[PDB]
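Chain residues, written in single-letter form:
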Amino acid sequence: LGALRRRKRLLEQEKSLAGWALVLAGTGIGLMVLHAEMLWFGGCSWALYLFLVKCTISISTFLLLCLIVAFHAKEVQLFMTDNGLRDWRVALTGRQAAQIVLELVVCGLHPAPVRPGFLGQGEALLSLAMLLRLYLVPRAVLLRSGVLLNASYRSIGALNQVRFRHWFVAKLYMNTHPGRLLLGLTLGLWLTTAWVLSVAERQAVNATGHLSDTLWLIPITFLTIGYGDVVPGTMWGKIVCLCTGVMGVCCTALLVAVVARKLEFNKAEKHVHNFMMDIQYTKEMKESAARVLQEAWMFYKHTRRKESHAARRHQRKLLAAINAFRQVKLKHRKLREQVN
Amino acid sequence: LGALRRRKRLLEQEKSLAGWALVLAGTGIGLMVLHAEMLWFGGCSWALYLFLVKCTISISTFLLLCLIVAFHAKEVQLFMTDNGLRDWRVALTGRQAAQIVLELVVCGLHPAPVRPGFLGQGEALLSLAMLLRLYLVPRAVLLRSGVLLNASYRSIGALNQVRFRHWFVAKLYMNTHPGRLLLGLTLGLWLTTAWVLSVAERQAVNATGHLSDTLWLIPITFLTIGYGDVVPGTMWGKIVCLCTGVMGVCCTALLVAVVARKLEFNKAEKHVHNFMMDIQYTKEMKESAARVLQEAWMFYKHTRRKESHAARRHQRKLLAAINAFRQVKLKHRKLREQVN
Amino acid sequence: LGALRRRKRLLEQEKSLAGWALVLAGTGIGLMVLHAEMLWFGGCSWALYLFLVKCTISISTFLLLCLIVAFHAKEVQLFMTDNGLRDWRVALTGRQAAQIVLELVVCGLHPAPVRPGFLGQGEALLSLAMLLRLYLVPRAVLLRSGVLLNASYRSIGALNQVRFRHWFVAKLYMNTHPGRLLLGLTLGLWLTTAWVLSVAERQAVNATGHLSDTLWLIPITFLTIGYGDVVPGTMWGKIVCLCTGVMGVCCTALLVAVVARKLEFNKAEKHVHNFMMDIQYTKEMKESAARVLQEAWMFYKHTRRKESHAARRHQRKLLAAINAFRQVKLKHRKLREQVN
Amino acid sequence: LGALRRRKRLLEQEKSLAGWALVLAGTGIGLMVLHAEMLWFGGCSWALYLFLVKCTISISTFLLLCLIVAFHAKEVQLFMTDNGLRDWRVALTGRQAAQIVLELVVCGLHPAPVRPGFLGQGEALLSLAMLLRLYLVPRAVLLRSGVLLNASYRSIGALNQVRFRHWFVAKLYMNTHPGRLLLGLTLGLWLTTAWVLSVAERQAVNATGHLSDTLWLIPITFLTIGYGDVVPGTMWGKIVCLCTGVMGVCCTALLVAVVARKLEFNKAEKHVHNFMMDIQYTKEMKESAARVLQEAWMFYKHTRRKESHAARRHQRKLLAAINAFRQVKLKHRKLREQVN
Amino acid sequence: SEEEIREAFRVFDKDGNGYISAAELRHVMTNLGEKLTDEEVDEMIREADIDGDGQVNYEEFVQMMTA
Amino acid sequence: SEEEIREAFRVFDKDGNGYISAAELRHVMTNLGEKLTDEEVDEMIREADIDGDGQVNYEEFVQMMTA
Amino acid sequence: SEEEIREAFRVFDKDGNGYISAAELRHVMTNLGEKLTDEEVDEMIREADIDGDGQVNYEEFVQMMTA
Amino acid sequence: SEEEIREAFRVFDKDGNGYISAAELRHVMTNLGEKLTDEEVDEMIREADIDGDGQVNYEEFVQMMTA
Ligand SMILES: [K+]
Ligand SMILES: [K+]
Ligand SMILES: [K+]
Ligand SMILES: [K+]
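Protein chains in written order, with the entry's author numbering: chain B, 9 to 123, 142 to 366; chain C, 9 to 123, 142 to 366; chain D, 9 to 123, 142 to 366; chain A, 9 to 123, 142 to 366; chain F, 81 to 147; chain E, 81 to 147; chain G, 81 to 147; chain H, 81 to 147.
Because the hints were derived from the structure by calculation, they are not lab data. For every residue, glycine included, the Cβ atom is placed at its ideal position computed from N, Cα and C. Check before you lean on any hint, since a few could be wrong.
Derived list of chain A stretches under chain E, where covered just means 3 residues or more per stretch with a C-beta under 8 Å from a C-beta of chain E [as the list claims (entries may be wrong)]: (1) 301-314; (2) 317-331.
A few chain B residues facing chain A, derived, Cβ under 7 Å [claimed, not checked]: (3) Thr250; (4) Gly252; (5) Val257; (6) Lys264; (7) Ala279; (8) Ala283.
Model the full structure from these sequences, guided by the hints.
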């Protein structure tokens with residue numbers, strides 16, 4: 009009975025241990041953006057502030073690198089408890105070690121305080155390599171969703187799918203309420219890409235490629251409405267503009283797929299529509315019967331009193347009303363056929 | 009029992025009030041357009057006419073700011089009747105009062121006559155703030171559709187708890203009359219957006235941004251066929267050209283979703299197609315059997331005549347006819363099993 | 009009874025008159041293009057040939073205006089025979105007379121020979155008004171298809187109001203074999219639209235609007251790939267470049283709808299695929315069980331050898347094999363549940 | 009039985025006999041590119057190397073033209089052993105002979121060495155005529171897919187009322203894993219199309235038109251994002267760039283169709299989601315009653331103390347809780363209705 | 081030249097067998113669409129004169145009207 | 081002015097018939113949401129004084145509370 | 081080298097057992113597709129000479145024809 | 081630490097009850113994947129020595145192997 013609580017305790021520990029790493033990774037990006045934009049406008053006059061802001065990034069990276077190891081140790085403990093092994097030597101595989109070392113080498117890339143307004147190639151690539159730390163978002167979202175927290179959830183899921191794929195949670199979020207998520211994705215990619223393009227094509231002549239132009243160029247490339255008044259002029263700016271249309275076509279496909287589903291009736295709506303159609307059909311039928319009898323009498327009286335030959339249109343009206351009555355009778359018959 | 013009579017008369021009064029509010033909500037917009045164009049083309053020569061056309065807007069707004077209160081009083085009375093408690097203090101909620109205040113402050117924005143052809147900023151925003159009065163359209167469309175006008179409809183509506191959301195009416199209109207509504211929306215948005223952009227980018231040099239250019243630039247942006255011969259040159263004109271591209275993709279998705287449904291057969295068309303396929307299959311099988319027998323006998327006769335070239339050609343024809351007969355028999359059995 | 013043969017004879021006559029009108033209405037269109045190009049390239053000193061080529065258009069129009077009255081007379085006879093009436097005073101309604109006079113006034117527009143390389147406005151509108159004669163194509167296609175030919179099929183379809191419509195034939199052709207029809211429409215709308223634009227925008231000196239530029243501008247507008255190197259410069263050329271994008275958005279929706287159906291399995295393909303993957307499932311299960319047994323024996327032998335490195339490796343391999351065997355067993359259980 | 013092994017032996021033989029042609033037909037394509045780029049950059053100084061690399065193409069073509077005949081002979085042997093014929097005169101038909109001669113006349117088209143950096147026309151067409159050798163890929167892909175390799179599958183296919191086709195294997199590959207195949211096609215069509223247009227518009231002196239400009243123009247046309255900074259200027263370069271949007275619209279349609287299916291739930295996911303929402307529904311339903319009773323008692327106490335100031339709000343809360351309880355009860359009953 | 085007269089009369093049925101009297105058919109006709117007066121009641125009497133008893137036996141007295 | 085009180089009480093059922101005692105209703109109320117003390121138990125006793133026996137017969141003594 | 085001769089003969093069945101006479105098979109062959117004359121009827125008589133009685137026993141005399 | 085051993089043994093079933101002999105298990109192991117010789121057959125005999133009769137009673141002598 010102790011394991012039934014120990015597993016939940018360690019999983020709850022993992023929840024916070026993976027939640028904190030997201031904040032400690034976002035802090036690094038927040039500081040790198042500030043330093044990059046400070047070196048441009050500030051110039052060479054500000055050096056002590058740059059040195060002080062370039063070391064907090066290194067401190068944050070060191071603090072981040074001490075949480076991935078703890079998370080993997082908790083994962084190893086969970087695996088050992090679930091499989092009942094007693095020695096940790098067999099719990100660790102080579103593939104897991106390779107994944108761990110890859111994570112620790114990806115997460116450890118920072119400009120560093122080692123060793142006038144333009145960034146060097148090495149620094150400009152190391153800073154832009156800090157955006158790879160976004161792979162921690164899916165695990166935090168999955169662990170915070172609660173689909174895996176409860177013991178009953180795990181028990182019921184083990185029958186069909188033992189490992190909860192991220193695609194299941196993605197589909198759940200998509201079908202519960204779209205629109206908000208899609209808008210967030212569209213308005214969070216028009217700001218994290220404009221800055222990258224401005225870094226790629228930042229000119230000191232007349233600010234020919236700063237945020238006053240990229241914020242206009244990116245949307246009209248995402249929506250395939252490319253005008254041609256402003257275009258990229260650097261090999262590193264012609265690749266960010268080919269990865270934006272690929273992310274626009276997929277978004278359009280997702281929007282079309284969502285819209286196709288969003289306009290479908292349910293059972294209650296179909297029942298209400300069928301009831302309204304049936305009552306409308308009955309009312310039209312009775313009105314048509316009244317019309318046909320009235321017009322038949324009118325034509326008969328016109329013939330009886332010999333009101334010249336002006337009663338020709340009366341036969342036309344009689345035939346049209348009769349055929350309309352037959353048509354509505356057939357429609358009501360077929361409707362009663364399918365609804366029964 | 010007068011409860012039904014009370015509900016019906018309250019609903020009819022609400023319908024009349026909602027219709028008259030929408031009637032009075034268009035005169036202000038028309039007068040705004042007229043005054044904005046008169047101040048541009050007329051110039052500073054016309055001042056008394058401008059004052060007269062500006063005071064009528066304030067008069068119309070004052071007359072509009074009472075129908076909303078009357079409509080909400082009718083709503084409160086209807087709530088009391090449906091939940092009889094005879095205490096007006098408890099029937100009103102805080103969020104309802106907040107939304108009443110929001111409605112009254114939104115509907116009360118107009119360029120009042122507080123105090142050469144260019145609208146100084148602060149008045150050109152008050153004028154364009156009068157287009158927010160279009161939130162009354164869905165109410166006047168839904169409530170007059172007749173779904174709420176019958177107690178029998180309300181019975182099943184309470185049974186299924188549909189609440190008669192605007193989405194249901196929109197879906198019903200889309201299913202019943204598609205095409206006309208889509209053209210109406212796409213032709214009523216190319217005129218109310220080609221005037222806002224003209225106001226944003228109205229130039230006094232050579233009319234570089236008047237309706238002679240916006241009426242050409244808007245339709246080639248809604249369809250993502252941006253040429254680039256004319257482009258916006260003002261921030262307020264750039265933000266407008268991004269809001270005509272995000273609703274040029276939603277319309278395309280709606281069109282695709284609508285078109286996908288119209289290509290499917292109904293119940294009777296499938297039966298008609300099945301019969302038309304069956305008759306052709308039977309006749310072609312009969313013809314194939316006739317060809318098989320005739321070709322076999324002709325091949326035997328040709329072999330009796332000892333030529334062997336017409337005989338080998340007839341062997342090829344016989345094999346082709348045999349395999350065609352086998353294929354058509356298999357297909358006929360297949361769709362006969364499908365029908366059965 | 010001779011009525012059965014009379015109806016078939018009358019319908020065959022209707023088909024013949026509906027087919028001959030379609031080939032007498034193409035001569036005028038083919039001659040108007042020749043006359044326009046002769047007047048453009050030939051210039052003056054060609055008045056006699058222009059007069060002969062223009063009188064033939066009037067003769068053809070006069071001959072066409074006699075194949076509509078007879079067709080409508082056959083329609084009236086068919087209506088009378090079906091309903092049953094004598095001494096016609098009823099069959100001819102007012103709406104039918106209005107439709108007939110509208111047909112006869114639409115079909116009678118041509119550049120008559122009454123009373142230097144540029145066409146006048148009246149002639150340039152009368153010539154382009156001859157394209158309205160294409161409403162005859164759907165009627166001829168529907169009558170020729172034979173859906174109304176067979177008496178037994180029509181009789182059995184008359185049980186319900188099938189109301190044989192151009193939409194049914196269009197859907198039949200769409201589901202029968204798309205691709206050919208869509209390609210024909212796309213490659214036939216890129217010439218009759220590229221000639222109208224050339225007529226609208228044609229420059230006397232240094233031709234910059236003839237077929238050497240429209241044949242390039244039209245295809246890059248239908249596909250919304252508007253470059254901007256050549257653009258219309260006349261209002262009559264701008265209005266015709268907005269009706270090309272509308273016919274390009276709908277074709278894409280049609281293609282998507284067709285492909286969505288074309289990417290689906292039939293009945294037997296699902297069974298074939300299920301059997302093919304089930305065989306692989308069974309063989310993989312057998313191989314996995316063999317691997318489990320072999321690895322267990324190898325681990326036992328290694329433990330007997332007393333060297334705890336390959337022992338750990340084999341224990342890990344045994345655990346992986348066991349979990350894979352459980353996974354494939356669960357997958358096969360799901361297979362058996364879904365197939366039965 | 010001899011035939012049961014002869015069939016498989018011959019099929020396995022023709023497997024390699026058709027797989028070797030696929031690798032002998034790639035050598036010519038890989039050598040033509042090298043020869044063209046050697047003639048462009050190398051100039052007239054290199055002639056012996058050009059002659060040596062041009063003779064190898066002819067040798068490879070001669071070796072390729074001796075495998076199609078062997079493959080067709082092996083297929084004719086299968087035809088004989090399947091239909092039981094004994095004379096080779098009847099096995100071959102006219103249509104098959106025409107197909108064979110067309111294959112042998114389309115495979116053998118190379119710039120043979122019959123006889142200062144531009145490929146004179148008549149050779150630049152023979153070189154680009156070598157891309158027609160790609161019709162061999164689908165045959166090898168289908169024949170190596172294993173659908174025909176297995177005897178049991180081939181025997182079952184006859185009774186399955188289905189014939190093996192390229193469409194079947196294409197659909198299987200699309201269903202299994204479409205993510206890799208689509209990107210492979212889109213990245214393999216951006217090189218074989220960017221080299222052809224560079225050949226078409228290779229410009230000297232100005233050095234404008236080579237791959238450095240084509241690799242930027244091809245991807246912004248496939249995605250319909252045409253900017254207009256670089257456009258084709260040759261009649262042979264205006265046809266390659268409108269054959270790219272046609273096969274880009276199809277790719278977009280394929281992506282949309284794939285995503286629409288990929289966004290759907292499977293069998294067990296619906297049950298999991300139903301249970302997850304049902305337990306929450308029950309929790310909310312049981313939690314509502316506690317608030318209902320607490321608010322009722324607090325309202326009673328407030329009426330006892332006769333202040334009524336908070337009692338009015340408590341009555342509002344009681345009404346809200348009651349209606350929420352009714353709504354959640356109705357929703358839970360509906361859910362129990364659908365699930366049962 | 082008519083059919084389904086049974087259902088046509090059963091739609092506006094008053095006596096159970098489609099034998100609605102002259103006043104019955106009169107108020108059925110006047111209720112929907114047009115309305116009339118003493119002229120209409122005399123017209124109903126004339127129409128029922130074929131039956132001569134008020135109970136409109138439509139099954140027999142419809143062929144003459146529809147001819 | 082209420083309905084489905086049977087199921088409302090059966091949700092928080094303790095004695096199998098909706099007759100949950102004063103302590104039963106007390107811990108039902110305190111467990112979910114707010115919690116209270118001697119004042120709350122005295123209030124619960126006063127509320128159950130209508131029954132006078134502990135087993136709150138809701139189906140009878142609910143009308144006065146909901147009135 | 082043939083199969084389903086039963087259904088092949090039942091398609092053009094005249095006597096109910098696939099034993100259609102010489103004239104029966106003659107008008108079956110002539111009506112659909114090609115048409116012929118005295119030469120064709122003599123050829124049909126020669127073909128049916130295997131049975132020698134007119135009633136073409138296909139199930140027995142089809143093997144020689146298809147061999 | 082195992083389950084479904086009944087089905088696991090019934091996979092490679094030879095005697096109908098999962099009692100496949102030493103040679104049976106030997107050719108089962110050698111045929112699929114790895115193949116071996118006298119050393120492997122001796123090791124298999126040693127492993128099956130728990131049963132001591134050839135017919136491997138897995139349901140009894142599988143717990144020690146899987147422990
Ligand atoms: K463009
Ligand atoms: K452009
Ligand atoms: K586009
Ligand atoms: K575009």
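Quick one: which hint numbers does this structure break? Sort them smallest to largest.
-> Hint check: nothing fails, all pass.
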